[PDB]
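One chain follows as structure tokens, the form solved without the ligand.
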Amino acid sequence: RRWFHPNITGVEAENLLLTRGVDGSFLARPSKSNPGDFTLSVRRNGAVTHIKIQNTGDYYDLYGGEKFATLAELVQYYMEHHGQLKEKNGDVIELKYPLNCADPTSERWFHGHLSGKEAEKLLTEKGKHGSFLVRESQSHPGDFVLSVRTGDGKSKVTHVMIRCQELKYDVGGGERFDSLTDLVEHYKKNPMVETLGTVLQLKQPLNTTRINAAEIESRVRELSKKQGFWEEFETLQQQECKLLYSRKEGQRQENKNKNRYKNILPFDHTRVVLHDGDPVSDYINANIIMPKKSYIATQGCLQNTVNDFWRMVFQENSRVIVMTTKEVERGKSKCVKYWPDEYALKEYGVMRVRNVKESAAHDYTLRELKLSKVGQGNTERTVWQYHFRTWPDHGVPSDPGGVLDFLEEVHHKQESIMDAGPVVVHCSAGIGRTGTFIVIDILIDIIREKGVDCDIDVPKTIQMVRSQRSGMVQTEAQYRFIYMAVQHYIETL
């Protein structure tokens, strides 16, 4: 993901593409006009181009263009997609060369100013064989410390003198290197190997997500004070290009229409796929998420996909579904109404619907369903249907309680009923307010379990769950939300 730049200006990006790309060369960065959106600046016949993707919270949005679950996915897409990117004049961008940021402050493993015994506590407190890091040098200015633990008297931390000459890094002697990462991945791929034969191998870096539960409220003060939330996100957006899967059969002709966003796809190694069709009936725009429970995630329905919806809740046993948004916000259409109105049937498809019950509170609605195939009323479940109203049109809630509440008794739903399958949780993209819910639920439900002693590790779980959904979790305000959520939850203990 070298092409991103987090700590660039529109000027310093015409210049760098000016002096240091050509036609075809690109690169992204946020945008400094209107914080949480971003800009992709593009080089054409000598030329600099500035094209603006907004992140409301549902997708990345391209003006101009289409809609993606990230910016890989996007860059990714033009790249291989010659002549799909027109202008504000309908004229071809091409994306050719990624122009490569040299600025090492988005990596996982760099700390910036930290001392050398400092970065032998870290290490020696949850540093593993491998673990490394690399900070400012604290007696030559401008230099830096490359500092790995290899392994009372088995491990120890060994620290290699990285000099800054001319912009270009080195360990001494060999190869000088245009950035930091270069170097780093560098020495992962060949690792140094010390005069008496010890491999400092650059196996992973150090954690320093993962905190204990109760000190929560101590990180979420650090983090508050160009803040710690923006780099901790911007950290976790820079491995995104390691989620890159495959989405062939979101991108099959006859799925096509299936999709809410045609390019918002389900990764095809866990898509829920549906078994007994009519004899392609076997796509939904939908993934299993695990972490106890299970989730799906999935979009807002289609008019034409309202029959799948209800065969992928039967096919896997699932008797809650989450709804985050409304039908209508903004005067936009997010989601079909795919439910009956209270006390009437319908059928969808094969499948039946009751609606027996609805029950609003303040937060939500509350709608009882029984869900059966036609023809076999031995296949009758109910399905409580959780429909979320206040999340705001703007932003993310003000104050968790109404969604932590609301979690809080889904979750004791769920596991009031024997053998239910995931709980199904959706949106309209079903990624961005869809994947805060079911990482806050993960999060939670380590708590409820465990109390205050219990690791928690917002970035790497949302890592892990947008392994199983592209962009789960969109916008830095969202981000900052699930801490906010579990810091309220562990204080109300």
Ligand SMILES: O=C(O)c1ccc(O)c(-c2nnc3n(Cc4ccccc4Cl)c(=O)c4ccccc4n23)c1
The other form holds:
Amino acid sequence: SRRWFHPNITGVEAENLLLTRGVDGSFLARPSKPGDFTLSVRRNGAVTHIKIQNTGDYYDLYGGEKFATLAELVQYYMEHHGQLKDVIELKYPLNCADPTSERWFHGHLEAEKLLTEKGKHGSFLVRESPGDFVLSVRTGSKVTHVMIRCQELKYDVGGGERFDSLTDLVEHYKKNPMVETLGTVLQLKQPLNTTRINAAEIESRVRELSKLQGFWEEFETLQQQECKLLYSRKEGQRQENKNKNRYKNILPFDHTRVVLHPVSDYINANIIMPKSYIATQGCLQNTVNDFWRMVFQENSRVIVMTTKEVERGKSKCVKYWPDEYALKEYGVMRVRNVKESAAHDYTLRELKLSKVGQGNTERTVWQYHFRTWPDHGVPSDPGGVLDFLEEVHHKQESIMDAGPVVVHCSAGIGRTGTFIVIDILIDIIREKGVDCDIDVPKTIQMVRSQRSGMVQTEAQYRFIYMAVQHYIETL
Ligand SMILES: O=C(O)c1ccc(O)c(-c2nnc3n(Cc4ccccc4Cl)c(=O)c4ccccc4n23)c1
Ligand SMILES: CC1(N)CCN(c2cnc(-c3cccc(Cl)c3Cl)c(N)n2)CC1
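Starting from the form solved without the ligand shown above, please give the structure in the form solved in complex with the ligand.
Everything in the complex follows now, all chains and molecules, and the chain you saw is the first one.
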């Protein structure tokens, strides 16, 4: 669960919540009053606020480490005591009762129209009735409305138990379905889908999401679902693999990691299946050889670099390619940089990859280096990114039996997830045309189960909508 995250509270509300309802070791996370986060912890009768920064690459904790998600951050510190500091301990989550980041909560709602149009057997939603709530379910086919009485800070369906939150009530009736007199089981199988749009109606959705914003609420609801993606990252934790990670706590899921054929099988990279991708971190001096072994083994012919080598005076990715016209050996792999072409937003490098001692293994690898992405945030216009993805897509499509496209930035989750998701969404619109259904958070949740924290910020999330809108507008 992710109940420790409170989306609509202030620092004072957090302090009073922790002092009156928590104990020593009580904690909560919250958005900054913007784009930053606060971890508030009770220690020796007093509340300590710790800043968490995300500019689009990773969650950066003051006095701690860098993480792919807030859930991974909390999971780590709740398991590894002494790592946060005077040591600060995360013992007890202080649960949030606010239903705003729940998939099924639709405040003011109409609900019968949505359930009849979009719904199926077990599709449900919760809405605001005075101060009371309504649970509306579809079964088959028909729609049933259950009143939810709010009586003295507690919620109930007219009898039995009284829950401290709508979430507790929903979860209880999810596991224990209400049975109507004549036998209809009020199965709450899945929340009603309200995010799937028809591609031709994107400008309408972007307009509604821009109203007081809706983009923030939709993104935080997606963030609440990240607690279901805490898959094992054991291989990245091995002693022999620690120095192969750019960030010690940003690791690849074992079940999707690229396996390389003493301990020569590891790279911090994952296969992303929607044309497949490999999402990876920027090379380290000690991982350049593992990087070319991955490119060669996977039969990849296109590499997308979405970062400069150095940003804000800090190394983001080492130069893993030779200078123009030069030849270099990276272990068993040989790379020639044949030609470099400069365009406004990017540089194209035509590389020739082969295994040393075997000439017939040679293939051209096209490296598309996007150089104009800002240090913080996202571009103000998606046209540059869209023209770039269009060219990358056409190169990939022209090469018979080409392997997955290699995509990397620094940690390989923010800008990498953003470029991949845009590329997945636009591909549906290429194959199926303007008359197709696209579901942005569904696409992201799917990519995120293949690599942690793919798409880092709300600014990137909004950029994905703007990019899809722009692609459809130029169709
Ligand atoms: O063994 C399994 O089947 C299994 C299943 C689900 C999982 O989430 C994991 C697991 N994978 N990584 C982690 N980390 C991260 C970590 C540990 C050490 C060094 C760096 C990093 Cl960044 C956790 O802190 C963690 C904490 C509690 C419970 C599982 C955890 N876990 C393993
Ligand atoms: C007002 C509200 N609380 C905010 C927006 N909203 C929703 C609903 N569903 C998703 C969704 C869709 C597909 C996959 C995933 Cl994981 C998610 Cl979470 C979403 N992001 N927002 C509706 C309720």
